[PDB]
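Trainee: The lines below spell out each chain.
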Amino acid sequence: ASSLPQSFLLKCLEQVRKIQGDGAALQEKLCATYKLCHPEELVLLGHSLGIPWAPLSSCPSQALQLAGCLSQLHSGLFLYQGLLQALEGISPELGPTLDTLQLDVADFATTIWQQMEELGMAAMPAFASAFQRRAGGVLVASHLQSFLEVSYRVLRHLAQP
Amino acid sequence: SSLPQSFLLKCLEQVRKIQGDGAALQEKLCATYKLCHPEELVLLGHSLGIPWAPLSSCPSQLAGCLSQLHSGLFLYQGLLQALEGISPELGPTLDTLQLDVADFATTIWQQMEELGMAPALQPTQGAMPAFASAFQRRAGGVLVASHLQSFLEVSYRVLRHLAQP
Amino acid sequence: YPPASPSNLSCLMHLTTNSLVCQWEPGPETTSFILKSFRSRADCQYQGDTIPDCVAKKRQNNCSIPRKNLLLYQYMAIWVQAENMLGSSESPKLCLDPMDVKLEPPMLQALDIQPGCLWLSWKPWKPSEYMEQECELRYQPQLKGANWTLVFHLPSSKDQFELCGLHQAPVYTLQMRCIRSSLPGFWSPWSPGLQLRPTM
Amino acid sequence: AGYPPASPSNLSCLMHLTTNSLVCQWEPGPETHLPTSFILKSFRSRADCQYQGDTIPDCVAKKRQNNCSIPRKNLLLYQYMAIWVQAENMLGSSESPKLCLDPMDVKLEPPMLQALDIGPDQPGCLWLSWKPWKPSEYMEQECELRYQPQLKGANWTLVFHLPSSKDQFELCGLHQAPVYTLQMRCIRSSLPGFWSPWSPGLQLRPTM
Numbered sequence: 001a002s003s004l005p006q007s008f009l010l011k012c013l014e015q016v017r018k019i020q021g022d023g024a025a026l027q028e029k030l031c032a033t034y035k036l037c038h039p040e041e042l043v044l045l046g047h048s049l050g051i052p053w054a055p056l057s058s059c060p061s062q063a064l065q066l067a068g069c070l071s072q073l074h075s076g077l078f079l080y081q082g083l084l085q086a087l088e089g090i091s092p093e094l095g096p097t098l099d100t101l102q103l104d105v106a107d108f109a110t111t112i113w114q115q116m117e118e119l120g121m122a123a124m125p126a127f128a129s130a131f132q133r134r135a136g137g138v139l140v141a142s143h144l145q146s147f148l149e150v151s152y153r154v155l156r157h158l159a160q161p
Numbered sequence: 001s002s003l004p005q006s007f008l009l010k011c012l013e014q015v016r017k018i019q020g021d022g023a024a025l026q027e028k029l030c031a032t033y034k035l036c037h038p039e040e041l042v043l044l045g046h047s048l049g050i051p052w053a054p055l056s057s058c059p060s061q062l063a064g065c066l067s068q069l070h071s072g073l074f075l076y077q078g079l080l081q082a083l084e085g086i087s088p089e090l091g092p093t094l095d096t097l098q099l100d101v102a103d104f105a106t107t108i109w110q111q112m113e114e115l116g117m118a119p120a121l122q123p124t125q126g127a128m129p130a131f132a133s134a135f136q137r138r139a140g141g142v143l144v145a146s147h148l149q150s151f152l153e154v155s156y157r158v159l160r161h162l163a164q165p
Numbered sequence: 001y002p003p004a005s006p007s008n009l010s011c012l013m014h015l016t017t018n019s020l021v022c023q024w025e026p027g028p029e030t031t032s033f034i035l036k037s038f039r040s041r042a043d044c045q046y047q048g049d050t051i052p053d054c055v056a057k058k059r060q061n062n063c064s065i066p067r068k069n070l071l072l073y074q075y076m077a078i079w080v081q082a083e084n085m086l087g088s089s090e091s092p093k094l095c096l097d098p099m100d101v102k103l104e105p106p107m108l109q110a111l112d113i114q115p116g117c118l119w120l121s122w123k124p125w126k127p128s129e130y131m132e133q134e135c136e137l138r139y140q141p142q143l144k145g146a147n148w149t150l151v152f153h154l155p156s157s158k159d160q161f162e163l164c165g166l167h168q169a170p171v172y173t174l175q176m177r178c179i180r181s182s183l184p185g186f187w188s189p190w191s192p193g194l195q196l197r198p199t200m
Numbered sequence: 001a002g003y004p005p006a007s008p009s010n011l012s013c014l015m016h017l018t019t020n021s022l023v024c025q026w027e028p029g030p031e032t033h034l035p036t037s038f039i040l041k042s043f044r045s046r047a048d049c050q051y052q053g054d055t056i057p058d059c060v061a062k063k064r065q066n067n068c069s070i071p072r073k074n075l076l077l078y079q080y081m082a083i084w085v086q087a088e089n090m091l092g093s094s095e096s097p098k099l100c101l102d103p104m105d106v107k108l109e110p111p112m113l114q115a116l117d118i119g120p121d122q123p124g125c126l127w128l129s130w131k132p133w134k135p136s137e138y139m140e141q142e143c144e145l146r147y148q149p150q151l152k153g154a155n156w157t158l159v160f161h162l163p164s165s166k167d168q169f170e171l172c173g174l175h176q177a178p179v180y181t182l183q184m185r186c187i188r189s190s191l192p193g194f195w196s197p198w199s200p201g202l203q204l205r206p207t208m
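Residue numbers (our numbering), protein chains in the order written: chain A, 1 to 161; chain B, 1 to 165; chain C, 1 to 200; chain D, 1 to 208.
Some hints here could point you the wrong way.
[Stated by the list, open to error] Derived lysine-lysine pairs resembling DSS-like cross-links, with alpha carbons at most 30 Å apart:
| # | chain 1 | residue 1 | chain 2 | residue 2 |
| --- | --- | --- | --- | --- |
| 1 | C | 68 | C | 58 |
| 2 | D | 134 | D | 166 |
| 3 | D | 134 | A | 35 |
| 4 | C | 68 | B | 28 |
| 5 | D | 98 | D | 41 |
| 6 | C | 123 | C | 68 |
| 7 | C | 123 | B | 34 |
| 8 | C | 126 | B | 28 |
| 9 | C | 68 | B | 34 |
| 10 | C | 102 | C | 68 |
| 11 | B | 28 | C | 58 |
[What the hints assert, rightly or not] With the Cβ distance kept under 8 Å, some of the chain D side facing chain B (calculated, not the full set):
| # | residue |
| --- | --- |
| 12 | 23 |
| 13 | 69 |
| 14 | 155 |
| 15 | 158 |
| 16 | 160 |
| 17 | 161 |
[Stated by the list, open to error] Taking beta-carbon pairs under 10 Å as the criterion, some of the chain D residues facing chain B (in silico):
| # | residue |
| --- | --- |
| 18 | 144 |
| 19 | 156 |
| 20 | 157 |
| 21 | 159 |
| 22 | 162 |
Since the hints were derived computationally from the structure, they do not count as laboratory data.
Yeah, the Cβ is synthetic: ideal placement off N, Cα and C, and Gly gets one too.
Could you build all of it, start to finish, from the sequences and the hints given here?
Mentor: This is the structure we're talking about:
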């Protein structure tokens, strides 16, 4: 007995896997093109640049009642959709890769929104230079990955009650 | 896995449908003739000669157990045929149970053939029991149905295991 | 005049009458219609036995094959034939397993014995008790603002089930519907509204 | 003489991951003899496509093309959409009934199945490995493997509900012939999707 259709949770899980590969494709590009391979190194730039992170505190909770978790998931995805747009394509060589990733992320947000609607459940940083865009690109990709790795669990849990 | 999950899913449904038909029959024999406790008819099973489909310790060779399943069923559709309708008040109820045991046997048989799992030697009906008199047919009806029922209680177990929903 | 090929032939397995009931669209009036079938294997490529012909009654655009004439968890090809003195038309054949095609909603009720709480219980529609079903429960405070909230993946029968958090109105409506678990089948219609007063 | 356009039919759409576009095709019916045009029309909707969501840009078919495609940029994947075809010439116009789909519910290519000389360093064995079609590796899928000895009307032996990837898969007891033929196909797991075609047959020699 769940407030979410099992197919919705499955399509969501399929979108996480898809976005996880997009971001992986992006993070491969940035390390092959700009030898920017370890986000760890860019840790402080997180504050310097103002990279907003995304919580899922409402997710290690809920069950038959879960609009809170659905609202965090959406807003979290909604945020990374914004940050990726802020990177203004990073560069011509990364433009297509980053573009793929932002469409996917945007539609995943839309999709979680519209489902909440159906079920009745009802700014951006600057990155002012090549390097800042490249570094911001590496940090947002990795914050997206952590967010998604946590979401995967939240969802697997929801899909297997 | 060797078997299609949708086949096991339909199998589990036919077992239930058939448990429903047999419970209908037993309910009808009791309501119509006050034959209400096969425990009391047990000893007449001897007389009548109602066999017992043995699921020869098969919780798992599918080719071998799915075939033990089909033969058990094939035997009960034989016994139920032998009951020659039992009596007008019962013919319909019994006929339902019968057609349903008949289909399940077929179904299992067709799957086995399409999987190349069918027994080399094909099953032929046996020497069906002598349900001579009306009372034999009614008490035969109570017993055969109780035999069938325990058979499907075990069958459901082996099948439910394979078919993991 | 020549009869036009019948259309929109649909078939449903009625557990009540234990018969495959088919209906077609007779098309532009111009005759007799005969629902014809043959036992077969999947895709209806196999030309199996001839299921005895069911001839539709007078002004009835439907027939009905009794289960005595049907193999059950097997496929079959169905089609209607319109015959006039000036020719005969014939619809496209359908290929269905009768057990694949009509559920009636489950029996939902109040648990016959906390604030904003409702205890419930339900049993499946008996003739389909053999079928493993998965149901949906939807409920809502009977307010001028219609908004249904659901509960998914419930069993076809519950001993007792406490729905809670119901404080937003003195009365709530509840309905339930089921569908065959993991095999083909359509949802049953929703059960009749059930006004219930959450423990106020 | 010229006839009005007949309502298009047998409208089908397939989401191609390669080109990353939904390609739809229909059958226009009898020749009208007039310059008739076709337009793939759709709008975002929800299940049962009763909901009138955002309109999706028309897709006009090229002449002689009984198909039209919608680019990923126009699709909202994982939501339903209503699609229909509209034909029209000077003497009229018709429309196909509406198709209701979620593009991700409609084209897979076989998994990459390969042999291995794992060897036992025992008779009648083979070791296989397989990975799913790359463009689709983000969707969980299950696979079927079919094999048979090259014999006199040898029949296929099947293995169902297999994982979509397997680094090493031992198959032993293959004794009926020196060479077997194996093939595998996959399908989207737990969600709508069609089976892919079977991978091209491998000819392997079991041990001994």
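Trainee: If a hint holds in the structure, say so; if it doesn't, say that too.
Mentor: Tested hints:
no. : hint            : in the structure
1   : C:68 <-> C:58   : 24 Å, holds
2   : D:134 <-> D:166 : 14 Å, holds
3   : D:134 <-> A:35  : 26 Å, holds
4   : C:68 <-> B:28   : 20 Å, holds
5   : D:98 <-> D:41   : 9 Å, holds
6   : C:123 <-> C:68  : 29 Å, holds
7   : C:123 <-> B:34  : 29 Å, holds
8   : C:126 <-> B:28  : 17 Å, holds
9   : C:68 <-> B:34   : 28 Å, holds
10  : C:102 <-> C:68  : 18 Å, holds
11  : B:28 <-> C:58   : 37 Å, violated
12  : 23              : 30 Å, violated
13  : 69              : 33 Å, violated
14  : 155             : 5 Å, holds
15  : 158             : 7 Å, holds
16  : 160             : 5 Å, holds
17  : 161             : 5 Å, holds
18  : 144             : 9 Å, holds
19  : 156             : 8 Å, holds
20  : 157             : 7 Å, holds
21  : 159             : 7 Å, holds
22  : 162             : 8 Å, holds
Comparing the model with each numbered hint stated earlier shows that hints 11, 12 and 13 do not hold.
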